[PDB]
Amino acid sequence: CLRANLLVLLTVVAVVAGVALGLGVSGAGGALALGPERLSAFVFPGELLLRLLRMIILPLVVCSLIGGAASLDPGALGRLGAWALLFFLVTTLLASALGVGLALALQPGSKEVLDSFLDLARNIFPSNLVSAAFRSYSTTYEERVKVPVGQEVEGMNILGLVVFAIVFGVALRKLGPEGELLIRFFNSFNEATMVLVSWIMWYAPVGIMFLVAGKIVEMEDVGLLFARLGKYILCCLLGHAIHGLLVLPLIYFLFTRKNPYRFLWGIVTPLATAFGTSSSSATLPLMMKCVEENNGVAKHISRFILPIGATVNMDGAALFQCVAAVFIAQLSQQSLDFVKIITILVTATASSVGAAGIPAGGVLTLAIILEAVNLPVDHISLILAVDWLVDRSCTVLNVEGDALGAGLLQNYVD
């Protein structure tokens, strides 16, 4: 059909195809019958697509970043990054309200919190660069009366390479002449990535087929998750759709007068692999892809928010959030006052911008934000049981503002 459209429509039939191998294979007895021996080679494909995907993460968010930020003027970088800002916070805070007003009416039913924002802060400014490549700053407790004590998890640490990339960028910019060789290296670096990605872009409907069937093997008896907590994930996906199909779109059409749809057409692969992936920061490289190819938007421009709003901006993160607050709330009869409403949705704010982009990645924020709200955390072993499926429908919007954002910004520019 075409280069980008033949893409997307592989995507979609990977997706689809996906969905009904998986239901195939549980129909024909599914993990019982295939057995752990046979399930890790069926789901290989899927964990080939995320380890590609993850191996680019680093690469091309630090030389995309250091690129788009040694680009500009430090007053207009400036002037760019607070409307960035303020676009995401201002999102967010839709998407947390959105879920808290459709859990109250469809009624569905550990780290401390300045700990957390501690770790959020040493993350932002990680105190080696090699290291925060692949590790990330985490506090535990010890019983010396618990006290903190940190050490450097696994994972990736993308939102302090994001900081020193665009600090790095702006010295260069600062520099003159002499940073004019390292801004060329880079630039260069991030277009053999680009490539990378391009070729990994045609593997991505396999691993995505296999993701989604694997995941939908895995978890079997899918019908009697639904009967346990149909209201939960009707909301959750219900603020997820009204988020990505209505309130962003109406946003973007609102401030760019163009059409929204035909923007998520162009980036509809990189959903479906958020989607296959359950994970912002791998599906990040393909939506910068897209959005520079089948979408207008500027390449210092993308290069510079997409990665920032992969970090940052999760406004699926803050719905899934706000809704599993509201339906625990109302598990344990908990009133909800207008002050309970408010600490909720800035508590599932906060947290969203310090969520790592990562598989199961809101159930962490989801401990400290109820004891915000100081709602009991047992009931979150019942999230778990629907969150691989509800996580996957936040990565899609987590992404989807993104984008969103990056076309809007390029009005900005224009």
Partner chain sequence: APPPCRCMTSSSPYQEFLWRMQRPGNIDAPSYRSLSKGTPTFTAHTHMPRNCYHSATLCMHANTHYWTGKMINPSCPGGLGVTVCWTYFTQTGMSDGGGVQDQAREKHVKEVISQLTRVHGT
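We call the rigid core whatever largest set of C-alpha positions still superposes within 1.5 Å between the two forms. Residue numbers count along the first chain shown, from 1. What changes on going to the form deposited with the partner chain bound:
- Of the residues listed here (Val222, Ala241, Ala76, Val90), only one shifts its CA by 2 angstroms or more between these two forms after fitting on the rigid core, and it is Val222.
- Once both forms are fitted on their rigid core, the CA atom of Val346 lies less than 2 Å apart between these two forms.
- In a rigid-core overlay of the protein, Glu37 has its C-alpha displaced by under 2 Å between these two forms.
- Comparing the forms between these two forms, the C-alpha position of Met55 differs by less than 2 angstroms, with the core used for superposition.
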The other form holds:
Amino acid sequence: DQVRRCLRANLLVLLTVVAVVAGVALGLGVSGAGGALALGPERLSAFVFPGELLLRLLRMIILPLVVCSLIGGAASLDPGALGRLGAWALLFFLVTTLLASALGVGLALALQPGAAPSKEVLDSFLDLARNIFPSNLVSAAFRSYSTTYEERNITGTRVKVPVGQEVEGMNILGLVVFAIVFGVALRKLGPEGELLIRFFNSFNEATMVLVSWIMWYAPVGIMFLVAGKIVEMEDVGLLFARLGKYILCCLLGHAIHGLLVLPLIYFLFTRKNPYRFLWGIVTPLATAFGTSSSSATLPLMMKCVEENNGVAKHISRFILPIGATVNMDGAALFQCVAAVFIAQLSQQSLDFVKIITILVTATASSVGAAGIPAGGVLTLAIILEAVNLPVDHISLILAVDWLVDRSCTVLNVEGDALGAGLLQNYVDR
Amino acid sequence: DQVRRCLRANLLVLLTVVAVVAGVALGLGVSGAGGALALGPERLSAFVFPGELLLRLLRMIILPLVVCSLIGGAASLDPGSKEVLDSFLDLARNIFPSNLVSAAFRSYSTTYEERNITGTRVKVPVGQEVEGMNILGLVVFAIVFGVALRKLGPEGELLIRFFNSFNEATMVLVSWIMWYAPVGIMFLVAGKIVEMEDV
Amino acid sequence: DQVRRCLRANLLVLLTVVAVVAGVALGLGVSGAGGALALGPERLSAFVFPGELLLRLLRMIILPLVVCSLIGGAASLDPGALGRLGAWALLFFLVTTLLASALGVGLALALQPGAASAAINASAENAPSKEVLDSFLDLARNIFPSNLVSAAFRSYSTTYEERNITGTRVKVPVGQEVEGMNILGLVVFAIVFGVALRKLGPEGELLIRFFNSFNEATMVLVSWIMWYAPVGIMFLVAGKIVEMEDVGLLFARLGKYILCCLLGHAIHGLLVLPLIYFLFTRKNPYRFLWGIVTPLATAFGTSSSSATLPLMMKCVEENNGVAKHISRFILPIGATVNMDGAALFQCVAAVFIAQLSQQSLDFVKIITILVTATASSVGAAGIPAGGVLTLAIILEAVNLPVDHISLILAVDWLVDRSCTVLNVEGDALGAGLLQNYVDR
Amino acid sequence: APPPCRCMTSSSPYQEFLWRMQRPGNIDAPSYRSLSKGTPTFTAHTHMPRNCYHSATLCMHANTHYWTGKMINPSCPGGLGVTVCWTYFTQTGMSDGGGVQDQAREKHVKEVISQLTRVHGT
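Please give the other form, namely the form deposited with the partner chain bound, since only the form deposited without the partner chain has been shown so far.
And the full complex, kicking off with our chain again.
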């Protein structure tokens, strides 16, 4: 029968979806029988370890993959054509992020879910600009830049001056920029750069082989990640009774943006079926929901967009690594909804100017956010300081952060893939 | 015109000179009307930010532009506070950095402390690999690696070509960066004139 | 003359042994006619600096050499053949580790180092311990490192947050990346990248040529460093003898423990591994030992298996001519996996600690201490004093007192060098058996 | 003789989340269960690198000696500019590149050498 052949052809999709469902079921079953209280610390850690192993495996290869893929993509197109494609890509990213932020603000205002060193927003923007252009490639491979305030003048004149220091991270934005510039420079040379192009292409192909092995391992890690995240709950009833409206706002905004807005944009600009593209990219979406990080599912997204969908290699390898960092619609909607929720918690009114600042700072924060689990929580402080009325009690946002963060990751990777397909059609025209 | 050709060919040096002059003018303008204390350090950082950006761009290219083309030069020449002793030991340790990747973003240094409080106040020197970027160790390793590639026969030709192509690409980035430079020197000069006062 | 040709051919090994002898003599002379007191700390640092320079030179080479050699070795052999060879290598490594651990336990039980126990001589506070499950999770996390660049200079290790000392302590574990090269993760990534490169094809061929040329240049650097190595070995030995105080007085009651450790190391290195080599290859093991003398003396001087790995690789390549691919695949793996001397040390030390506190050893305790010593020898760091953490894990697993760990750190400076010698000898002998097998 | 330790847990869960997210080698978001809750209590780390504090001093809590100091990097345990406490000795077989824990380790082993040599003399 053709059913077995179809199952064999779509074994990866079925395995990943069943892994997610079985992770949910196993988490619920273990939580019912003890809720980790009977498990204890050592058994709980042994239970949650395989998901951490999968996350480490996927983070192991992200740096060489991004660097080599971006070098190859930037060296595969003329500087004028690459510049035009990049301009269109950033225009699409900005428009989608603004739409997501506006939808989040509007939905949070409609449903009303609401009812320590500081950090200046100018310094945050300067930190983002400094992270765009790193001062040391090897140092930027494993850590980023952040500013610090200290009192160095006399005690009579106490003013905060900003000093700079390196904090732990990955600084993917500066490496992305350097890889793009290096690829453009390599194509600028003639036969001299061909050896380097072949070198980086070979390195990328080997990284893709490791990607294939790791994604074949992935479903067990996804299942254990979901099960461990579900088990760690403390008081489901009280937590839901407190944060149900906020969770509903976030999830409804994500669902509306991912099922109505982006498919409409893709259909308007392409006159094709966006849901066929979504069916092609189901597996990276399920991986993003399992791992809650856009960087870990980036290789699977590139492979699925290249193979399942008719997208050229250079277009995907140039667009997807950039969008995995700078295009974060789900994080924007999260941060806007959370800012409105926190403002309503403290009974602080928001007029037009506060809403505009929320939108702009949310776009900037989504640009600056990292593709790591709970990556959008950190820039929520930047947004709250921009509004400067919502003192940073983001502790109430947590304890439901994993699920909404997973939805944010799904929305971000979906926006990236849809933009890649739109640009592929625009190039084809 | 010949003068037009002279202006077009030597555009970069004249742009740099004009940038220095305009940076001086902007520095005196800010330090005069308005006041250097009115904006404060918070706005001064944003005012001098383009110079910091130029400095960061210049510092980002030092490691490849050194390591590549030092391997290139060494393989193509062909055969024909701190005390004196502790500073010398630090210099010797930085020549052989003991870790190639760690040498790219930090360097060895010796610091003194009075941890041995028993008896007299003896100064015990310790090293902790402070933040640096370590020109010396990378330079020595690149020269030695280039000489070793020269000692190899046709086997090292692939590595020589690889590093030469990397150096050429780095030179292309250098040429691109030096076009942004006049804004950087302008803002650096303006910031230095604003910060100090001697007139 | 024949004697002149003999010295010219074997000039390096004679320089190395003369350097070791001169270092011992110079250390004894300086300690007798002075020491750390007659000359100041600055003079001591200037005196011991050349050995530190040699150690830094050897440590600079480890990362590119290991990465390129393992990539080439994994890409030069079929995945099935590589898997079979790795299975045989791991079988040999664990067999040798069990034999060394059993010999150490037997000697420690026969000679009774902790029978007298002097006057207990233990209290300040108790050092924090690391759980066995946490250590195994740390090993599994160090496999497949999260960041490739960060793994070149730092490695993951779990710590603890002692909360509520009066309030029913929970000891919440929190992990972080601490200083120290992650050799095992780089080894695993290099092997996987090599097999992926072979699976690719012509692109893999280009990358193979790149990494092989890099490895050859690194070997040229190793050849240059190996000539300076005897002076660094001499100064290491002399400075380590001079710095350590009141010889003999420390040994007067630690002689049983020292005799157990060194006798176990000598028996394993002169009667077990040579016997296995002779029974599997029918050659002369002592010719192999003569070929590998100067990596052994380098290991004794530096007390670090990773530092002497390039010299051992080169000496295995030129003398007793194991093929390049099999040697460059076997030696890096055994440099971080095969540790016979370390396991013998930890078994003897744990039995001695148990006898210090007058605790029974029974049978299941011996079995589990052997198993945990074997399972924790793998993944241990090749840096000096790298067996202390694994010994602590063993003590935690066996439920023995920890406060007597200071006696182990008291005299570990020499026996650790003996352990390094035994580990690199086991590496070389395993390479010899595999080379003889592939010759057939 | 050492002064009592003032080393409490994080006042808010967000600060604990922020400093545990930026630790070196962080791979996943910390769970809400692992975050400290309720009133602050005494806490102590079992390892701390020397490059996290400018200076350290001894403190007493429940008749046990601890090292205390102020952190200078947000990636260091406890946060940025937060007075934290850590144990007198580090974990066995673990080193923090010098610092107070190491200096205590060599001090203890040298005391052991001195007393054991005195035992030999008797």
